[PDB]
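With chain A's structure known, arrange chains B, C and D with the ligand on it following the hints.
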Amino acid sequence: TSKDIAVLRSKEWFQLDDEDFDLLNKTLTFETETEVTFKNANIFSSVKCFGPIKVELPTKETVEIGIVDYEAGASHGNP
Amino acid sequence: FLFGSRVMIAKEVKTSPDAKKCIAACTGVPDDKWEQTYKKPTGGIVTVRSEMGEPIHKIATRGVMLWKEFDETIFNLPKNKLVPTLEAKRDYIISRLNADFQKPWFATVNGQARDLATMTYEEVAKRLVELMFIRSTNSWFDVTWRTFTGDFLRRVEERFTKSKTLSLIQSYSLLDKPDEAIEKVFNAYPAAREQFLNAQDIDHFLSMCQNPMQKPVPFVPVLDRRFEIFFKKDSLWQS
Amino acid sequence: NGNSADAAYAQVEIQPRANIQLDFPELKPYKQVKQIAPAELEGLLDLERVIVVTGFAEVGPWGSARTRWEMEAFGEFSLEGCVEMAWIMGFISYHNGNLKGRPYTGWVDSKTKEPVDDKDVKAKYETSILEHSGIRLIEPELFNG
Amino acid sequence: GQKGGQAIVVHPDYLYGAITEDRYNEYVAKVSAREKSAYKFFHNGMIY
Ligand SMILES: Cc1cc2nc3c(=O)[nH]c(=O)nc-3n(C[C@H](O)[C@H](O)[C@H](O)COP(=O)(O)O)c2cc1C
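Quick mapping for you: the protein sequence lines, in order, are chains A, B, C and D. Mapping of the first sequence onto the deposited numbering: residues 1437 to 1515, in sequence order. Mapping of the second sequence onto the deposited numbering: residues 799 to 1037, in sequence order. Mapping of the third sequence onto the deposited numbering: residues 969 to 1113, in sequence order. Mapping of the fourth sequence onto the deposited numbering: residues 1647 to 1694, in sequence order.
Treat the hints as calculated values from the structure; they're not laboratory data. All C-beta atoms, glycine included, are put in the ideal place defined by N, C-alpha and C.
The following label-pair restraints were derived from C-beta to C-beta distances:
hint : chain 1 : residue 1 : chain 2 : residue 2 : range
1    : C       : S1096     : B       : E981      : 40 to 46 Å
2    : D       : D1668     : B       : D889      : 29 to 35 Å
3    : C       : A975      : B       : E981      : 27 to 33 Å
4    : C       : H1100     : B       : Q968      : 38 to 44 Å
5    : C       : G1102     : B       : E849      : 52 to 58 Å
6    : B       : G851      : D       : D1668     : 55 to 61 Å
7    : A       : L1452     : B       : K975      : 52 to 58 Å
8    : B       : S848      : C       : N1112     : 55 to 61 Å
9    : C       : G1023     : B       : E885      : 24 to 30 Å
10   : D       : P1658     : C       : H1100     : 33 to 39 Å
11   : B       : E928      : D       : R1680     : 24 to 30 Å
12   : C       : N969      : A       : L1444     : 18 to 24 Å
In isolation and in its complexed conformation, chain A is listed as follows:
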């Protein structure tokens, strides 16, 4: 659909090298790594979530398009 690429572009950690890209009938892969500093067993104190965002080609040979960069504090989970 096209209402999904918007909620995506609605995002702040879903940034790319070029928003121009076409995001329909495309398949994306998210090889993300998370770092976190706690202050309790559940209540985080700092959260990093980075990692590339890759796309299927007609060959399905994934390729890099954009980057995730989520930063946060006092979280209770990972969005």
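Structure of chains B, C and D with the ligand alone, referenced to chain A:
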């Protein structure tokens, strides 16, 4: 050796000044004249059956003497003969409970006695506060009691209202200043300042007075086949 | 943030509850009435010889006088009349004590005993009632065959 | 059978003007109590 009752007068303990004062003013009695407690105050002290009938040594206060009286009249007495003799002695036993006992009759007003259904939601709450709340601390002795009160006001508003709306009590913490938490309601449904209760709003009150996981009430709501329980339960901390 | 803190924002919303009434008249002060009528009426009537009504009731195909009024003037029920006209058709009942072990204290079915609130009543019964209330096609079992 | 009939009616409030204030407001309270005691019965009975 050990010393149980020699200690309760100490300062480190939580008993109240006047309680220590009385338990001091009571003179003991030697073993020779020991077992007279089954009948009389032996030095300002008596034995009393439990809800299990088992005996208990206790100071000779007006309230526990009243306990003694009911124990040789009411619970000694069996199931069927219980309700009716209560129907009879009501006017007297509640006068007592309100004069010389720690869990009084709920349904009383400015000293004027009555029953539950003779009592308005407004009086209900103004007494719930009068007991479950402390003007000194301006706090609630507990919260199952404050919780009780809030769950009461909730269906109050369920009743007098017409269609759905938002509770004027969204968190029971609003009760921490009660006398306003009521007018906040009894100005929303002034009818209750006048109306008595529906009984459907009595059986509830009671099923709640019998709530496990909650602290029993510091009063008596009713007379029924369970008077003893409502009478002699959690009857220790008060001192 | 967790709904831990946002749960409180799931506000508590009270369903209403049926508080039937007796429809007693209203009593206005002596002013509104000693005025509406002539002041010459005072001391002018032997009341012993004046008659009055003091109570009344009724039974019909619209139950009592409290509810018929509704279908008489308003054309449709309140809930105060949708339960009363359900307590007297054997649709619902009461129960205090315990069921499921849990203490229910309120209205309930009478064929299932499955608890109910006086809100899910109208949507649940208002139909059959009106299919079984008022003028109708005669129902034999009220007339033994 | 031709035993026809015609009753009529008046509004009560055309009554209390026949009497004195103190007696009215005295009547008043003596009723309010009733409504309540009646409210009670109606419901204790309606349930059980
Ligand atoms: C206030 C109080 C509470 C007691 N609670 C218990 C109890 O919970 N379990 C128990 O086995 N004995 C209990 N006892 C009995 C004491 O262990 C002890 O036998 C008693 O205090 C001795 O009485 P004395 O001070 O006259 O020597 C209690 C006694 C008192 C005075």
